[PDB]
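Quick heads-up: it's one chain on its own, the form deposited in one PDB entry, in structure tokens.
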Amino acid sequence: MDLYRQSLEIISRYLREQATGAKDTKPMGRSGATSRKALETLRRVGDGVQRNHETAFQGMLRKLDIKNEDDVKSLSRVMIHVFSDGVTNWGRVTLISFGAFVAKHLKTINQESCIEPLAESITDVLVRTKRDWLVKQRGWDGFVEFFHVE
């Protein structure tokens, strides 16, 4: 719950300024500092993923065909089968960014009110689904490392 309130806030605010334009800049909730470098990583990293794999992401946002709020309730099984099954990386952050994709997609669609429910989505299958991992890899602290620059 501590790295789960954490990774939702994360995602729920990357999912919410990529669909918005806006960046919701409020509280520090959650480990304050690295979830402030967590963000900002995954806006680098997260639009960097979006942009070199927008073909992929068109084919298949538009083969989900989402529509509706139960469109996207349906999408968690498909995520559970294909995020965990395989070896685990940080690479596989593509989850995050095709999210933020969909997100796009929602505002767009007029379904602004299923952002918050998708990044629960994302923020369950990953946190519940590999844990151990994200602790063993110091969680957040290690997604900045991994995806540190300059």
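Numbering follows the first chain given and starts at 1. Think of the rigid core as the biggest set of C-alphas that the two forms share within 1.5 Å after superposition. First, how it differs from the form deposited in another entry.
With the core fitted between the two forms, just one of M60, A33, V82, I109 shows a Cα displacement of at least 2 Å, namely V82. Core-superposed comparison between the two forms: the C-alpha position of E69 differs by no less than 2 Å.
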The other form holds:
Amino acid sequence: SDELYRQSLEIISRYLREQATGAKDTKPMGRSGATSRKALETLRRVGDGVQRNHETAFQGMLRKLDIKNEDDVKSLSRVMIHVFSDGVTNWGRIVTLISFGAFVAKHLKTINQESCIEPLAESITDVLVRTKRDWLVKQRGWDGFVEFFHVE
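For comparison with the form deposited in one PDB entry, produce the structure of the form deposited in another entry.
This part shows the chain on its own.
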């Protein structure tokens, strides 16, 4: 029983799937859902924005990582661990990693329209929740994300 992991995977999977398919999921989010929905709304707003201005860089990275299929996620996990290896953790880095995950997911859908986004979403969620567990907990998890990116 791991609610933070469950919640994180739901948020990230939903974002990746929407981005990949172009369609929103009309199914009530699990327990919580209030924070999750606001997190997903935040992720749409800021994640789309990251993808903007950085299309060239993202394409560059996709190409260099040569991600061949829905299951080829080991290299991305390594890259994410490497990003955090200077010892710095913040929501800008996290949203950028998730946004890049959505970028990859979109591209995998073009090559194969039957591609599952779950391996990618699981790989990203694993890095975030497992390696930043206490950092997330201290901050009431996704509330930290919501408030950091909150605009009036």
